[PDB]
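Shown here: the complex without one of its protein chains, the others still in place.
Labels for the chains are A and B, by order of writing; each one numbers its residues from 1.
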């Protein structure tokens, strides 16, 4: 049962596309090899979300999972998006703060586990088992946020004020936003359906656009990205 | 309806396998840590194509997608191949020219979008929607080729003549070849069926073998790969 949410899908598609476009049109002249990296990553993010929102607006990113007492529409494309998208975001933060490869690898891996585990949960037929997965995925996330908030902040304090500041903002943004997803999941049509898929998609759209475009804007608009 | 094309699949399998074998038997003695990288990448390419051509010759890489007024055989394995294969190729070019990580990341990402988007298009049931995807994927490609042709060429001009020259050839080859794929797609059984899957596969075989083995030969046969 997925059609009334089309409005947010289409609006999500537009925002992602324009957000991409805008970022593209801004990274052209950039010559700094460091600023360059930030534009690539930050541009790639909305670009991926674009293709996936579009896949949902066209019905491809929509699937049917049997559980509870019916056939439930699971928008799988979200994970296909988040799988490459979340780690890309983390990467931005990693470069910005100049984290160790080991911590970068540890996060990228914790992130893939988080989205991968989330996809399993979203497709699992045993209604009760869907929450075990949600539980594993959320632990994965709290680990990621734990590092971002405590480990990275410490690494940022050693950079110049501009970088420290932009990181702080960015950090606060992603942490507050990333944790909303599990709560949305838990109350949406994929978990304990308290909110209809209609509103679910809306919350996810606002969140997504904020976690990427909004995120990107904040970052790409700082001198923090330069050496 | 996929069986008369078996001949090109089998021939594609043989060429990929021997192409791999030959490359393997050539990288053995190589000690230069730089030449080493080029052999790995360039060897891995046909090796992947091998497994995928074989998957098509055995019926595994073949699927059925409903669209238009019938059930259409979509060789999905092509994308499974191209997904790892195209970026690997790009990587070769990146090392050769010594491109910035940011541009390397930007291309790898543009490439994954291109093949990923292509796979969606190839599996999309709404006949008309298949061209939207083709349209997104082709834009992705033109971006990649734009950088290769203009950005990379500039980066190569700063290398020694041997490297500049080999890049030029390589560049001209991949650009001319990579753009044939969308045209083939557009006229083949996955788009506006003007050419039968039978000939489609043939064009794809010639193209593939050229874009990899041919490509590999040109490169591995130059001193351009050495420091």
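A few points about this structure:
Operating definition for what follows: contacts are C-beta pairs under 8 Å (C-beta built on N, C-alpha and C of every residue); 3 or more make two chains touch, one makes a residue touch a chain.
Interface note for the absent chain: among A:14, A:24 or A:106, the touching residue is A:106.
Among the residues B:33, B:69 or B:227, only B:33 touches the chain that is left out of the figure. Within the complete assembly, A:116 is the residue of A:73, A:116 or A:196 that touches the hidden chain. Looking at A:7, A:14, A:136 or A:145, the residue that reaches the missing chain in the full complex is A:136.
Panel shows chain B; residues 33-34, 36-41, 43-44, 47-48, 51, 54-55, 58-60, 84 of it touch the chain omitted from the view.
If you put the missing chain back, the residues of chain A touching it would be 100-103, 105-106, 109-110, 112-113, 116-117, 120, 123-126, 129, 132, 136.
Quick note on the criterion: only the chains that are shown with their structure count from here on.
Per-chain Cα centroids separate chain A from chain B by 29 Å.
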